[PDB]
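> What follows is each chain in one-letter form.
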Amino acid sequence: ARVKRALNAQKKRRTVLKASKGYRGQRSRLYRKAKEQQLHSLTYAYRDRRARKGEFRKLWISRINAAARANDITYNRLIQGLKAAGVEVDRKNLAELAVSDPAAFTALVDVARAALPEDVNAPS
Amino acid sequence: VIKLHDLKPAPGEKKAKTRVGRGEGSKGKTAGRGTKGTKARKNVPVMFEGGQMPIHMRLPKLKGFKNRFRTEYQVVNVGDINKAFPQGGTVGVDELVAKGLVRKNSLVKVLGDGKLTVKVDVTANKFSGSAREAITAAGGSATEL
Amino acid sequence: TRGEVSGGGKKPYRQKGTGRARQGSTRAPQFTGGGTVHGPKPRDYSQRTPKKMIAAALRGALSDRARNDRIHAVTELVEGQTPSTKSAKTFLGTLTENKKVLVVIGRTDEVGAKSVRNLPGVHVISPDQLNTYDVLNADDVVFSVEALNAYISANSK
Amino acid sequence: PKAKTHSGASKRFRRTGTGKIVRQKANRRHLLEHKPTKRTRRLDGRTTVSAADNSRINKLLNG
RNA sequence: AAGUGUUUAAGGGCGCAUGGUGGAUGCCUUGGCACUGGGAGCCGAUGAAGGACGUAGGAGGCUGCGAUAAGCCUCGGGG
RNA sequence: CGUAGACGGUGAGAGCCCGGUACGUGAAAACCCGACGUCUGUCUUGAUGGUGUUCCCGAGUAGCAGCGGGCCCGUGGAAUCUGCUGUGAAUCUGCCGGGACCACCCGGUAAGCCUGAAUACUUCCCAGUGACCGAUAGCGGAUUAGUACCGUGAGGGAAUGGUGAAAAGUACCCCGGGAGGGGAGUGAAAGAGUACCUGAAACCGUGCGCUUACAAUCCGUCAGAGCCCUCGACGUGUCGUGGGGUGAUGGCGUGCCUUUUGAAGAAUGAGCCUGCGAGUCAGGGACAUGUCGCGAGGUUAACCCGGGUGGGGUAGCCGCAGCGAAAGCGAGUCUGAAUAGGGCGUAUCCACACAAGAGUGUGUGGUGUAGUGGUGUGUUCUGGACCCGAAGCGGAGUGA
RNA sequence: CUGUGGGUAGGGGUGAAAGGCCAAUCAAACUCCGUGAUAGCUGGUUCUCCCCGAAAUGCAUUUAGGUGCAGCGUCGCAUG
RNA sequence: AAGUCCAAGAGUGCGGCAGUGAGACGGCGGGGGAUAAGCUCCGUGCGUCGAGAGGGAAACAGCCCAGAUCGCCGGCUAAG
RNA sequence: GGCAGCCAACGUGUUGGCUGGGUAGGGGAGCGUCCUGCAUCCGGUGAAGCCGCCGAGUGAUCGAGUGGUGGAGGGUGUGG
Ligand SMILES: [Mg+2]
Ligand SMILES: [Mg+2]
Ligand SMILES: [Mg+2]
Ligand SMILES: [Mg+2]
Ligand SMILES: [Mg+2]
Ligand SMILES: [Mg+2]
Ligand SMILES: [Mg+2]
Ligand SMILES: [Mg+2]
Ligand SMILES: [Mg+2]
Ligand SMILES: [Mg+2]
Ligand SMILES: [Mg+2]
Ligand SMILES: [Mg+2]
Ligand SMILES: [Mg+2]
Ligand SMILES: [Mg+2]
Ligand SMILES: [Mg+2]
Ligand SMILES: [Mg+2]
Ligand SMILES: [Mg+2]
Ligand SMILES: [Mg+2]
Ligand SMILES: [Mg+2]
Ligand SMILES: [Mg+2]
Ligand SMILES: [Mg+2]
Ligand SMILES: [Mg+2]
Ligand SMILES: [Mg+2]
Ligand SMILES: [Mg+2]
Ligand SMILES: [Mg+2]
Ligand SMILES: [Mg+2]
Ligand SMILES: [Mg+2]
Ligand SMILES: [Mg+2]
Ligand SMILES: [Mg+2]
Ligand SMILES: [Mg+2]
Ligand SMILES: [Mg+2]
Ligand SMILES: [Mg+2]
Ligand SMILES: [Mg+2]
Ligand SMILES: [Mg+2]
Ligand SMILES: [Mg+2]
Ligand SMILES: [Mg+2]
Ligand SMILES: [Mg+2]
Ligand SMILES: [Mg+2]
Ligand SMILES: [Mg+2]
Ligand SMILES: [Mg+2]
Ligand SMILES: [Mg+2]
Ligand SMILES: [Mg+2]
Ligand SMILES: [Mg+2]
Ligand SMILES: [Mg+2]
Ligand SMILES: [Mg+2]
Ligand SMILES: [Mg+2]
Ligand SMILES: [Mg+2]
Ligand SMILES: [Mg+2]
Ligand SMILES: [Mg+2]
Ligand SMILES: [Mg+2]
Ligand SMILES: [Mg+2]
Ligand SMILES: [Mg+2]
Ligand SMILES: [Mg+2]
Ligand SMILES: [Mg+2]
Ligand SMILES: [Mg+2]
Ligand SMILES: [Mg+2]
Ligand SMILES: [Mg+2]
Ligand SMILES: [Mg+2]
Ligand SMILES: [Mg+2]
Ligand SMILES: [Mg+2]
Ligand SMILES: [Mg+2]
Ligand SMILES: [Mg+2]
Ligand SMILES: [Mg+2]
Ligand SMILES: [Mg+2]
Ligand SMILES: [Mg+2]
Ligand SMILES: [Mg+2]
Ligand SMILES: [Mg+2]
Ligand SMILES: [Mg+2]
Ligand SMILES: [Mg+2]
Ligand SMILES: [Mg+2]
Ligand SMILES: [Mg+2]
Ligand SMILES: [Mg+2]
Ligand SMILES: [Mg+2]
Ligand SMILES: [Mg+2]
Ligand SMILES: [Mg+2]
Ligand SMILES: [Mg+2]
Ligand SMILES: [Mg+2]
Ligand SMILES: [Mg+2]
Ligand SMILES: [Mg+2]
Ligand SMILES: [Mg+2]
Ligand SMILES: [Mg+2]
Ligand SMILES: [Mg+2]
Ligand SMILES: [Mg+2]
Ligand SMILES: [Mg+2]
Ligand SMILES: [Mg+2]
Ligand SMILES: [Mg+2]
Ligand SMILES: [Mg+2]
Ligand SMILES: [Mg+2]
Ligand SMILES: [Mg+2]
Ligand SMILES: [Mg+2]
Ligand SMILES: [Mg+2]
Ligand SMILES: [Mg+2]
Ligand SMILES: [Mg+2]
Ligand SMILES: [Mg+2]
Ligand SMILES: [Mg+2]
Ligand SMILES: [Mg+2]
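Residue numbers (the deposited numbering), protein chains in the order written: chain S, 2 to 125; chain N, 3 to 147; chain F, 54 to 210; chain f, 2 to 64.
No lab work stands behind these hints: they were computed from the structure. Honestly, I wouldn't trust all of these hints.
[Unchecked claim] Which residues of chain F face chain N? A partial, calculated answer using Cβ under 8 Å:
1) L115
2) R118
3) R123
4) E132
5) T135
6) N184
7) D187
Backbone N, C-alpha and C define an ideal beta-carbon position, used for all residues, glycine too.
With these hints in hand, go ahead and build the complete structure from the sequences.
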């Protein structure tokens, strides 16, 4: 019972080659080089799927800091005051507030400053 | 009505063969052998120890000889006569072979292990002293061949 | 195998200096036309199961047919002196509607086995040759009086 | 082909009624004068083979 | 005046659509492989096994045949 | 219709279309078989068991010795068989063998010769079959195949199958010197045109869409403007739980495999694609573990009868008692002078006693003891034994 | 010096001797066969996922880049 | 004596199948060396790498933080 | 919010608690290929193969969903 191993062999080839479309060079033409590229591609996708949540938090913090300093307050004091006030909006939607409607951001900065110690450098 | 396609092996009967060296998912590129050495390609004989004197060569040969003229006996204990013969009676070698107490063509010696209670007439190649006392103290008689 | 294919005695070329893979003969397995490595060789496939296993399987299959009224006894398949697939087919059709039947007949009865041999679903076997495979194929088993008695008598002692 | 028993090991190892494999202690064939009798008699009779060697001795005995 | 700001493709990349080359894959087969049951178990100076050269109305190869040369006679079969 | 539903072919799956199949019938001649006669030979100028001695019973042989060979037996205490050399008998109250040798007993009758059956094999012929291959497979050889070719020679030794159902194989016209094509026809199809079934990938073009000429890129991934296409909705261009293509730009980012303490490594291997290329099989082998049958039993091997996978086959094998070097004894046995300790053995557990807390023993009762044969898996043994690789060794030959 | 014909063959031949030459090969030619020689050495060994998960130490070794046994992994059973 | 104890997936015994037996650097105790080596040889219920991804040290197996079941365009922290 | 391994509780399929980096290596459960016993189904109103579209599964992979090409054999179940 001899088998011709070509029906089964071609399946993963087609999978990997179809996944490797758009690759510049011979990484989209040859099954071996495309497979080598797919290894890196899926590890990189895992890595960046994990770090995307940090990149977006970085972006939100940067936008919030700029808007806060426009409102004449530092970012760190702003979120310290928001923690003190009990207003518990995350940095994502706090960035949507900074961009879309700045009046609510101004009011929220007012609340954060009102709920902040009379001396932030006091020994307490 | 069971047909040929209704037949199935008993659960747990058939195990799958371990096909080895068929990828890195299971057992690949070494087929469970690890890296190089003698064992990576052939084997080691079971009587090899690395060149030190083996276990079968540093120990003395067991003392004695074999005595090709040995007289071996197939042995029945007296307690089995009770079970085999609920009433006793005459009990030779060949009507003791039928009860599966000895092999078919061999010398038979009777030993006195269990407890014999029935009236029996035992004939055998040889007897034990305890067996003879048990046979005759239970009311029967024992004769050698 | 590697040593049975034609040729291959020579070492194909020098073992060093040529800039090519070290090759010991042209009939090596990796070559086209080379020897097969772990390839089939003739095998005897019979395995010897104990006698009472076989006998018990026979009895169990025949019991399975008997519990469901799939066993029939007949005096004979067709009135003798001449085979007739037409009349034997009609009688067997009265006797059963299913597709496959075992027709267990004594070896001497040739007129009967001749008249039932060409029916597409009908399998003819002798009582002393009865096995579990043929009875599990059959939807019905059709004995003759002689063959049923013969199977009973071969197992009555 | 039927397996072969290792002959050098059969004339050295033996099994008891239950099935443990026994042995003969060494250092008792010559050069005996300087050995005290306590050493001489702690060196004779059989002794069961070690559990570490029981695996190879079994293969040599059954072949 | 200062500022801003599309359009280049010699050539190249990617996707698609369309072909060429190539001869895999599928499905096969005037070929093989392993056996089973029989037969016959030797041929040769009455020239063997195997060949050379020839041989058809027209050139070669394979087959058949031998200067009686894809054949000659007799007996059967068959159409 | 069927004693025929085997298998093929025929324009695609045919028992009733063809060849056949089941079943019957047929040989002039040659050859192979028997059978009956001529023929050939022998036995009967003759049979039988007795009663008492002499002769005969395979000679340069047996035996013996030296040196070898072979026996399970490697010179060993070494018989039996046997070669070369030397020496060398008896004819039956002889001689040979029974593992040195001797005695007694037993078996036989060397140095003369023929012999069927049961056993081994297949160049060749016939008929079949395959949980065999299917064109890089199977024979080296589906085709010029031991061919072409390579070598002085022994010798080595390839590659090459598929139009269609049927050649109906493209008349005629046009461009071209032809090759090749374009119309027209053939055909079910010419995305079947004797470069011919299907026609993948590598590789090579052409057309369109997006992008790209201030930019240091393991060539991706995540975020992402702009453009292009498409699906919905409202409507008539802008959103939407949308989907594709391409991507200016920004963050991160040192190939794969081997082998290494450690390689992106400037260590190895790999130009690319397609096809191929490595733990297999045999065995009542060994050990272990599943599963099944029977169970103190379990099972047959050769073999015999079955057009079968079925049935007989008790020879053996394993379990059933051990201790001992052995004679032997036997729930014991060995050692020993020891009812004196220890070794091994008495399935295992429960209780009740009697003795010591030096590790518990002894005994009376009870319970009662599990193996074996198929077969799957792992490992193993003997085999080329997971696959590939030397320099070299031997035998017989070919070459000045 | 040269043509034609011939002879010597592999542990052999031939050598004004270099281990030269013996069919582009010579510290023992080539072919086939033993034969799939043997290599403690190098290389390669092909699908997936789930659970667990080392060692690079000791001892011996004609041993030191190999192996045996111990240690250390896994699975099954017993104990807890 | 307790603790852990819907776990260490811990000990110990028997068995089936192993791989391993070239280790590296860092902290502490030492031999050799010149109280040199990214040297060499030992000890360590020492660590990490090997066999470890992620964050820090510019880059940087072995240092510091921390042990990756998958997803999220949530939050709090560790070394820094 | 999804999965899985070990274990526990009621109880008999749920829930809960712990755990789920990993080479050599051990164990378990599976994907795809071919040949076959038995059973069913599909196919010149177009099988396989190939090329796509649109999808699916935790992975090998799937598409008795669909088109193009193609021209005769295939699928599925349960064993070998
Ligand atoms: Mg792209
Ligand atoms: Mg097998
Ligand atoms: Mg691996
Ligand atoms: Mg690999
Ligand atoms: Mg292993
Ligand atoms: Mg390797
Ligand atoms: Mg190593
Ligand atoms: Mg090893
Ligand atoms: Mg051996
Ligand atoms: Mg050969
Ligand atoms: Mg090169
Ligand atoms: Mg070789
Ligand atoms: Mg071949
Ligand atoms: Mg039988
Ligand atoms: Mg022996
Ligand atoms: Mg002595
Ligand atoms: Mg003394
Ligand atoms: Mg352009
Ligand atoms: Mg003859
Ligand atoms: Mg001719
Ligand atoms: Mg005629
Ligand atoms: Mg047919
Ligand atoms: Mg004589
Ligand atoms: Mg000899
Ligand atoms: Mg001798
Ligand atoms: Mg003779
Ligand atoms: Mg071929
Ligand atoms: Mg083909
Ligand atoms: Mg060939
Ligand atoms: Mg020539
Ligand atoms: Mg037409
Ligand atoms: Mg067509
Ligand atoms: Mg072509
Ligand atoms: Mg074509
Ligand atoms: Mg620019
Ligand atoms: Mg830079
Ligand atoms: Mg980028
Ligand atoms: Mg970068
Ligand atoms: Mg190296
Ligand atoms: Mg390395
Ligand atoms: Mg190094
Ligand atoms: Mg490199
Ligand atoms: Mg480089
Ligand atoms: Mg190297
Ligand atoms: Mg290279
Ligand atoms: Mg190949
Ligand atoms: Mg086997
Ligand atoms: Mg004994
Ligand atoms: Mg003594
Ligand atoms: Mg005792
Ligand atoms: Mg059993
Ligand atoms: Mg088994
Ligand atoms: Mg040679
Ligand atoms: Mg010559
Ligand atoms: Mg001259
Ligand atoms: Mg000459
Ligand atoms: Mg010389
Ligand atoms: Mg030559
Ligand atoms: Mg030369
Ligand atoms: Mg030579
Ligand atoms: Mg030599
Ligand atoms: Mg050999
Ligand atoms: Mg080898
Ligand atoms: Mg773990
Ligand atoms: Mg030594
Ligand atoms: Mg080890
Ligand atoms: Mg273990
Ligand atoms: Mg605790
Ligand atoms: Mg745990
Ligand atoms: Mg553990
Ligand atoms: Mg070592
Ligand atoms: Mg070491
Ligand atoms: Mg170290
Ligand atoms: Mg160092
Ligand atoms: Mg130090
Ligand atoms: Mg030092
Ligand atoms: Mg150092
Ligand atoms: Mg240290
Ligand atoms: Mg390593
Ligand atoms: Mg790290
Ligand atoms: Mg670690
Ligand atoms: Mg610290
Ligand atoms: Mg914070
Ligand atoms: Mg801090
Ligand atoms: Mg759970
Ligand atoms: Mg894990
Ligand atoms: Mg974890
Ligand atoms: Mg592994
Ligand atoms: Mg399929
Ligand atoms: Mg099937
Ligand atoms: Mg149909
Ligand atoms: Mg049609
Ligand atoms: Mg097929
Ligand atoms: Mg179509
Ligand atoms: Mg199709
Ligand atoms: Mg299967």
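> Could you check if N184(F) really has its C-beta closer than 8 Å to a C-beta on chain N?
Constraint on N184(F) not satisfied, violated at 12 Å.
> If you take the shortest Cβ to Cβ gap from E132(F) to chain N, is it below 8 Å?
violated, 31 Å
> Against chain N, is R123(F) within 8 Å by beta-carbon distance?
This hint holds: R123(F) lies near chain N, its Cβ roughly 6 Å from the closest one there, short of 8 Å.
> Does the nearest C-beta of chain N fall within a distance shorter than 8 Å of the C-beta of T135(F)?
Interface hint status for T135(F): violated (34 Å vs cutoff 8 Å).
> Would the hint on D187(F) be counted as holding, given a Cβ-Cβ threshold of 8 Å to chain N?
Constraint on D187(F) not satisfied, violated at 10 Å.
> Just to be careful: measuring from the Cβ of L115(F) to every Cβ in chain N, is the smallest value less than 8 Å?
At 11 Å from the nearest chain N Cβ, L115(F) fails the 8 Å test, so the hint is violated.
> Can we keep the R118(F) interface hint, with Cβ of chain N closer than 8 Å?
holds, 7 Å
The structure fails to meet hints 1, 4, 5, 6 and 7 from the earlier list, while all remaining hints are met.
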